[PDB]
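Next up is one chain by itself, shown in structure tokens, the form deposited without this ligand.
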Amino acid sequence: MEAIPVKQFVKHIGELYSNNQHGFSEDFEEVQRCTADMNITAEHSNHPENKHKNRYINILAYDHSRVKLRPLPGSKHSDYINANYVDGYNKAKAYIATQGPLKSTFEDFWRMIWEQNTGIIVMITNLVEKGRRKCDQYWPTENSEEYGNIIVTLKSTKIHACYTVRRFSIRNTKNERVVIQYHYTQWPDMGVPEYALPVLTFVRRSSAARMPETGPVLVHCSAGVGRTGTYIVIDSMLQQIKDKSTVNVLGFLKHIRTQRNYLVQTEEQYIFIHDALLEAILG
């Protein structure tokens, strides 16, 4: 609820960790339950003609907040993509949280990017992790690839230790637009990163790349809820800290849980959010 000053927040983290992290567990259970008295419809997600457009049968996109594609002539559900607008700090629809694109949704994905005037992609998964496919490669390995009316050209890549930055040019056939992809490459197969610092750097730089004024930042991992939620909360709280030197993780999280299911999927991620914010404050 109430935003608290950084100094108070910093001590509250220590509070949350104490007694075997009892506070962290209480908070997250509160998060888990915070929509129990809410019936939030996701009819489009669950429509049979949309089934193949969902990477997970049980990860849905709430109707009220879903990103709609302009309808295509010919069908009646060409409007659907498994993606939701999510608020950021003091800004509605700061993000589009979505699943890792499927081959079957590559065209929908880039069309969304074009239609929403998105200039930054944040990708927080490897395509394959421990042998399991997590995301399909929706971009060109080199030069150009065509997805529907959108042609995407890879212009440059910088490969850092923990993330990769790919600059693309995209254009609609009816090099018009620049799109920058920040692709984190070191998230562990299981659990959360052992050190927050690389993640903080990734978030700061990817967030700094957001140009005034453009469409929402697209954020995705595999399901578009866990790491994606974690990114959104960290970025937003860093924003709030920088702007007001207050923070409200629990309040903000319970709010965005209304906009896409399961954002910040585990207690461990919820804890990592704090570990990362503590280091940012101390740095």
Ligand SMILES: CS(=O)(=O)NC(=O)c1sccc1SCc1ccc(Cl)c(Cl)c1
Given for the second form:
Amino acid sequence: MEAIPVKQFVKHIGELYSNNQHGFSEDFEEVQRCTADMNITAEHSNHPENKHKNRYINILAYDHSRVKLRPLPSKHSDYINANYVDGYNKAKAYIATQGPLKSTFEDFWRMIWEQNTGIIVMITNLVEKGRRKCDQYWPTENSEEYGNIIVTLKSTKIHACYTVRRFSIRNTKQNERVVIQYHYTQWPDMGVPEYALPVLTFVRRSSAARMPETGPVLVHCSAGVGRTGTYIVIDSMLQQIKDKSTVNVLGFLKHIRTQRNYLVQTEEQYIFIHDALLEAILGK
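Requested next: the structure of the form solved in complex with this ligand (the form deposited without this ligand having been shown above).
FYI, this one's just the chain on its own, none of its partners or other molecules.
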């Protein structure tokens, strides 16, 4: 698993695709197996106090990488279902977390403050195909207050495929910060995504909005593993292309898989990653 030179990567996509995507299948099987001889603890996620704080029972936050809330004047007020994840040539470039529940909106915005996050990437619709994916954690208009964080909507731009919301937030404790949410909104009534270019532009633009010397980028979908992982791998790999002109999708995914369970949750997503990077390379 050395990196693949960028000039041969589309060639390599051809081979993975061939014979009914046999190659993609071997690769993703390898990914799902690369936890085999690996026990990773998530005791906090499984604790009775913390259970109502998880959206899905089997989607947990690994202890070692979990984001810790500063505790409040109770022994578990430090928990949120969220993990730090690496970007390219950087550690904890991301926080990958579940879409926040009613009962965890306070924790969610607290984490945002404590971690000094300045960019949100939302990769779900609140509802999709009739099933609830995420409860709305920001104000429809003007201000809303969550715990000691007051969130104010300042600005919105709605594009074909995603929406950009510029919030201003303040800690009641005077000190204020700009936080921008990139929301990918375009979701099929049936099936799943199928052209990667719109996602590639969403990623390029959201990744570019990151400010130097800020905290990690928050990335969530519903469960916070599938599309969250897809974003992360595609972003990291454009970075790597830009810097070294090489690609290592398989190596990097194996790695961040130790940092949060089930990142990139399906083969179709694993294929989509390649399609995005293909668009980015042919596009140049």
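We call the rigid core the largest set of C-alpha positions that still match within 1.5 Å between the two forms. Residue numbers count along the first chain shown, from 1. Residues that one form lacks are left out of the comparison.
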After a rigid core superposition between these two forms, the exception among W139, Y147, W114, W187, its Cα shifting by 2 Å or more, is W187
After lining up the core, report the Cα displacement of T266 between these two forms in Å, one decimal place. 0.1
After core alignment, residue runs (3 or more) whose Cα moves 2 Å or more between these two forms: 187-192
